[PDB]
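Visitor: Now for the letters of each chain:
Protein chains: 2
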Amino acid sequence: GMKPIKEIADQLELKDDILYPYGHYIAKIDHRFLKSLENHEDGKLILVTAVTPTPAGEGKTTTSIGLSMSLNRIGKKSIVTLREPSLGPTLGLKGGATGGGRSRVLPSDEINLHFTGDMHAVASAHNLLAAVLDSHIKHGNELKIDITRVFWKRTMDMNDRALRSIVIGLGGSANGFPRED
Amino acid sequence: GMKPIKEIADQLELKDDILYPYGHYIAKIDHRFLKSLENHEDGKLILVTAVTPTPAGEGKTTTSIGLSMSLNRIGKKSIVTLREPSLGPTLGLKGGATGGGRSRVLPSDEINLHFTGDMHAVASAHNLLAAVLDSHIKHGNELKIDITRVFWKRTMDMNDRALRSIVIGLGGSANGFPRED
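Going down the list, the protein sequences come from chains B and A.
Going by PDB author numbering, the first sequence opens with residue 0, and the numbers climb by one from there.
Going by PDB author numbering, the second sequence opens with residue 0, and the numbers climb by one from there.
Note that these hints are calculated values from the structure, not bench results.
Take the hints with a grain of salt, since some may be wrong.
[Claimed, not checked] Simulated crosslink set (DSBU-like; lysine-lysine; CA at most 30 angstroms straight-line): (1) A/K27 / A/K59; (2) A/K143 / B/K152; (3) A/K137 / B/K143; (4) A/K137 / B/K152.
[As the list claims (entries may be wrong)] Label pairs and their computed distance ranges (CB to CB): (5) B/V149 / A/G91: 41 to 51 angstroms; (6) B/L112 / A/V131: 53 to 63 angstroms; (7) A/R101 / B/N174: 49 to 59 angstroms; (8) A/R160 / B/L128: 34 to 44 angstroms; (9) B/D180 / A/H119: 35 to 45 angstroms; (10) B/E141 / A/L128: 24 to 34 angstroms; (11) B/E141 / A/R160: 39 to 49 angstroms.
No residue lacks a Cβ here, since even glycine has one placed at the ideal position from N, Cα and C.
Next up, chain B with everything else stripped away, as it sits in the complex:
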């Protein structure tokens, strides 16, 4: 029962030329737009936080969303900014990163899952460095990298305890050099 992204974008007076849709209900906004707006006036910033978290669940995200909705409601133009949830945890347990009840961000499945691919993009960049590091070592290690002193790890957006402590680079010369990761 919800609105085409164009209708949300119109609320903020955003033009197609800086909007990249992802389906009918999501868009990226070109970040360079922000520099365009540099002579424009800042609104107010409200920081939402909480008491010491307990297992009983305090519903901070639901409240952040609720607050923005309520401000709009009382005639004060408001946007809620949230972090994108990691996929991994959701595959383990339902969480609250997209709010709850009548106070959510939508479409919630997409937001909780692949969304617009940002998590994947980060992982790719991250893992590229790891792949290049190992391949540098394999091909002569001109940088004289100490394979017992590598700070950089690999990454996935998955709750996988099996990957906490591993040994890589096995199988022989063609596969490069063994090391811990």
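We have chain B already, so just place chain A on it with the hints.
Guide: Here is chain A on its own, set in the frame of chain B:
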């Protein structure tokens, strides 16, 4: 019903100066004694071999010992020479490496187990090299050893399949460099 080793040694005209006892029933002979005998005549050499081995077991070692015993019996002075068995396989299965029935080499338990410690000596020397190789790499690898191209393995006299393929040198900088062994 065993003869003290000095008795056996006497049969062969071996003097104490070249005899190193291990208990009352075993001795080492100084290898340098062989060179002493270089002007003495060689006897006959009988090679004992066998048809293609089968799971039924052909008793070659038992036969070797029996032949030597039988040569002595018919008045022809004879010595049987044998390999020392590995300890490992005996901890797995009784074998025929010290003969069988009425045709054995004695004391059988000792021969089968630690004997005079020659297996332990070999293992020590072998493992020392391995240790020194890894430590060379740890301490700067001046020889530029390629840890994916190490031919040298470690050793033990034990039937332990768990050690066929291992990864060593884990745990961090203080322990050296990870490799397969």
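Visitor: Take the hints in turn and mark each one as holding or not.
Guide: Structure-based check of all given hints:
1. The straight-line distance between the Cα atoms of A/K27 and A/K59 is roughly 25 angstroms, inside the 30 angstroms bound, and the hint therefore holds.
2. With a C-alpha separation of about 27 angstroms, the suggested pair A/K143 and B/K152 falls inside the 30 angstroms cut-off, and the hint holds.
3. Distance check on the hinted pair: A/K137 and B/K143 sit about 14 angstroms apart at the alpha-carbon level, within 30 angstroms; holds.
4. With a CA separation close to 23 angstroms, the supplied pair A/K137 and B/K152 stays within the 30 angstroms bound.
5. A hinted range of 41 to 51 angstroms holds for the C-beta pair B/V149 and A/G91, which are about 42 angstroms apart.
6. At about 55 angstroms, the beta-carbon gap between B/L112 and A/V131 stays in the expected band of 53 to 63 angstroms.
7. Checked against the hint of 49 to 59 angstroms, the C-beta distance between A/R101 and B/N174 comes to roughly 57 angstroms, which is consistent with it.
8. Between A/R160 and B/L128 the beta carbons are some 39 angstroms apart, a value that agrees with the proposed interval 34 to 44 angstroms.
9. Remark: the range hint 35 to 45 angstroms for B/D180 to A/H119 is upheld by a beta-carbon distance near 38 angstroms.
10. Hint check: B/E141 to A/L128, Cβ distance near 30 angstroms, so the stated range 24 to 34 angstroms holds.
11. Range check, B/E141 to A/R160: about 40 angstroms between beta-carbon atoms, so the 39 to 49 angstroms window is met.
Of the numbered hints stated above, none is contradicted by the structure.
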